[PDB]
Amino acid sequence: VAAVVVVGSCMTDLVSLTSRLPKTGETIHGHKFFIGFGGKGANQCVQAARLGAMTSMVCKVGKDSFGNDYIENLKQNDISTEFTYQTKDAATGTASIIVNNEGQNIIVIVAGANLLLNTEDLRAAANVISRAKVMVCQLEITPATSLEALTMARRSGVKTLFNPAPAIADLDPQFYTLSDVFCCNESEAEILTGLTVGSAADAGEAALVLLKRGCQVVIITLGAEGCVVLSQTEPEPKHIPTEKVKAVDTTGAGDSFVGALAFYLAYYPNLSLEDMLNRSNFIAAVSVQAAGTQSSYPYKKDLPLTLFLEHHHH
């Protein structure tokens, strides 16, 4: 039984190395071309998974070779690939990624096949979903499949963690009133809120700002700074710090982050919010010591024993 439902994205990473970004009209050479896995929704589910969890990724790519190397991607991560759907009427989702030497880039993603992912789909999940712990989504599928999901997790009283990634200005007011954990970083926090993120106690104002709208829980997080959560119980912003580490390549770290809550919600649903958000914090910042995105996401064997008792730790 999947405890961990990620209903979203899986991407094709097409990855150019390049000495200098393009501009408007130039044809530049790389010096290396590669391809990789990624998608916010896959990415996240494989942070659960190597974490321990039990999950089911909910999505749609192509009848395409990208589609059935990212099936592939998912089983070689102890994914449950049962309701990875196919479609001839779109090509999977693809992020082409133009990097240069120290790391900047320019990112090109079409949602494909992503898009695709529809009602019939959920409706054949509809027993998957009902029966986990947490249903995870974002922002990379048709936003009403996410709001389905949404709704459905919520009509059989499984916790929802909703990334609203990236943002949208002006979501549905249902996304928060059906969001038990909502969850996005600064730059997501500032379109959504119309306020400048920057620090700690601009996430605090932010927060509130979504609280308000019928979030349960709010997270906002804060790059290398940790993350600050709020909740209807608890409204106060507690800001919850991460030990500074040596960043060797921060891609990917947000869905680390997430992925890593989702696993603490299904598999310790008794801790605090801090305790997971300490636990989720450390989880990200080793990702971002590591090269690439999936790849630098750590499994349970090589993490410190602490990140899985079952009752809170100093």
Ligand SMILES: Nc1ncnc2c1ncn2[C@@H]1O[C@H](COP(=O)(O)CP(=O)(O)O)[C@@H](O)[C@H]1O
Contents of the next structure:
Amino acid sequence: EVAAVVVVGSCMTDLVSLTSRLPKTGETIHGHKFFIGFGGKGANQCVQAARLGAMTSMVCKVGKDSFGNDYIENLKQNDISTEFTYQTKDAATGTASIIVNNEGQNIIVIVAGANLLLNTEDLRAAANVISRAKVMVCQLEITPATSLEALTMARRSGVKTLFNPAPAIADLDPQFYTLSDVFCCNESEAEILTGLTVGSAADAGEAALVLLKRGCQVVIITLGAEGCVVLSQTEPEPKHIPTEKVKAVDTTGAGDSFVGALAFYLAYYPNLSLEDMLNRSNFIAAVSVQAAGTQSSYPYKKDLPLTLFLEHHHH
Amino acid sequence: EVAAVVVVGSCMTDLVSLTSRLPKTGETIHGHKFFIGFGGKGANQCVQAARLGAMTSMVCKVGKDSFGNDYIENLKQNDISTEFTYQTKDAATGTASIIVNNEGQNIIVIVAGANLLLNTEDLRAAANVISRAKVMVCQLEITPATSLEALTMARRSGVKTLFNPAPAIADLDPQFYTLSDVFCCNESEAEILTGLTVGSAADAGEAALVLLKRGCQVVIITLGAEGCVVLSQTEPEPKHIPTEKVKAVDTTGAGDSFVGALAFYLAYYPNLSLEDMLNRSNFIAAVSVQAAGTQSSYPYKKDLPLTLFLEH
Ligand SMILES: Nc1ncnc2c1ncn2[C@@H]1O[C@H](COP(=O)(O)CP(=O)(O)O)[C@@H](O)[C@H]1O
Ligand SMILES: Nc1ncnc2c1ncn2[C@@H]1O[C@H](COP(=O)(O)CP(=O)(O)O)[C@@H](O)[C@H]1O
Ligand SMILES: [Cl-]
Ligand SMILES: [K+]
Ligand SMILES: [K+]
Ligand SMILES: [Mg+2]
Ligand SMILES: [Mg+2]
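Return one more block: the form deposited with this ligand bound, after the form deposited without this ligand shown previously.
Okay, now the whole complex, with that chain kicking things off.
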């Protein structure tokens, strides 16, 4: 019935061309395959949460176009509520044009498009759904002011905020930190936000402390194959949560799998320690890296170990 | 209604992102605008001819996908026959993914897709329409075997062949020249095809002669703002046909406008001199450069000077 996880954020149509070599400036090349995929950090996170069993709702804006209609169907196919998936005639659906060579290297051009037109009126119409959620997740692929509005609304209603400052902006409004219950970013984002080098767990501990002092309640920095680091106002000493070693097929979208899993745990297992939530989220994201693609790689509950769903702390 | 102009060639969806900077390897950048356009050199040429008043037929193959369905509607809206516009589940509609910066530099990735699956069986179904046409137009965006068969069919029925070797490749099948009544390309294509540097109308004349001696009857090299150069087996001395100076808004698709205009004139105004046809085609192409986009820039007869359509 009630959506426990509300994601206010982005949907993007992935337009993928496969080539033998990447083009340089000025070059026309021929590729050998083109296909369409569904992306956007907001939708990616929402899709992972939904596949773990969350009742989710996506607050987003697409175009009144073929891509937008397709995106709505993609959400429905993932059992996501589309009651706040808005459409606009005033911009195309967001796009990621992606060129990939035979080694899996890419160039990407993102046009946020309709995502940027998600506005105050849209959030007001979503106010009841936001207010009744357990967790509100947002990123920085819509207009920053709209993400800030959503954080504000959630905070005012006592709804847990999960903020993923991605892609990062060097001088974020200070309110982004003070309105974030959980602030989760990757190493490259942490570098932009703090002006520190972040390559290692040690580095992430230092960066996390800078972010915590700006007013976050919890800070998590993800570290690829090294797992993640967390600290909080209650426990300000950095804790490194490793992830078990796997053979990565395709790491694309791992960050969004991680965040979607964390949203699921915050909503449905609020009793658990951060450490527990993060061990589980690490494991889920590590499953995603062992499969090709972004949304297509995200696991479903039925294909995951039963231990990930126990109410109490586990070893 | 008998089609006078038959175009056997490509339909492509243009997926255009406008950016401040072009991305380097491994980089994600954010751009400021995305749009979809109808393109493909075959379709572009067919659309310009149709807008001038030609009865046209587009022989092509698109996907059984949204892009393909949309493409078919695009052709119908331009009054083009789609009797031999095929759809396949075996590849997506052709795509051109185009990134452009604010200085107009670009990165382009073409995936010809369904265009490549237009096969000789598909062509043969069109034999009656080809046989009753005045002009057959082909390019180098579908499979070579298919384009060669189309030109062969036209020749067998005494239908004029107009061939646009675009995009160009160094080692083009010799038959493309010998099957071409009119062979029309741009300066950068002529350079690839001949190995000559083309940096003037005089240089274009020299490259054109190489193309002529490979077996073409008429060779036209288009020269952007400098108009075009023509020679023929009957008159091998190069003739430079200037175009009047205009303020270009967007030169994208001008070559296809030029070729589609030329097809229209070859089909419906056969008694005009070649020089006259090229002056008119230059003028129509120069209108196209004064508007943004490709097919959205191609003028209609109703918006053009009446003198372009007077005989003699
Ligand atoms: N190679 C790898 N092996 C195992 N887990 C991985 C992994 N790459 C990523 N992960 C998992 O996915 C989470 C998020 O990944 P990232 O820190 O890589 C985000 P990004 O920096 O690539 O955008 C990690 O914290 C970890 O749990
Ligand atoms: N800047 C410009 N001013 C006027 N006419 C132009 C022009 N650029 C192109 N044209 C017209 O369009 C014709 C074809 O253009 P191009 O020679 O540039 C072929 P392409 O660059 O589209 O491949 C020219 O012969 C000329 O008639
Ligand atoms: Cl920009
Ligand atoms: K993956
Ligand atoms: K134009
Ligand atoms: Mg990673
Ligand atoms: Mg040009």
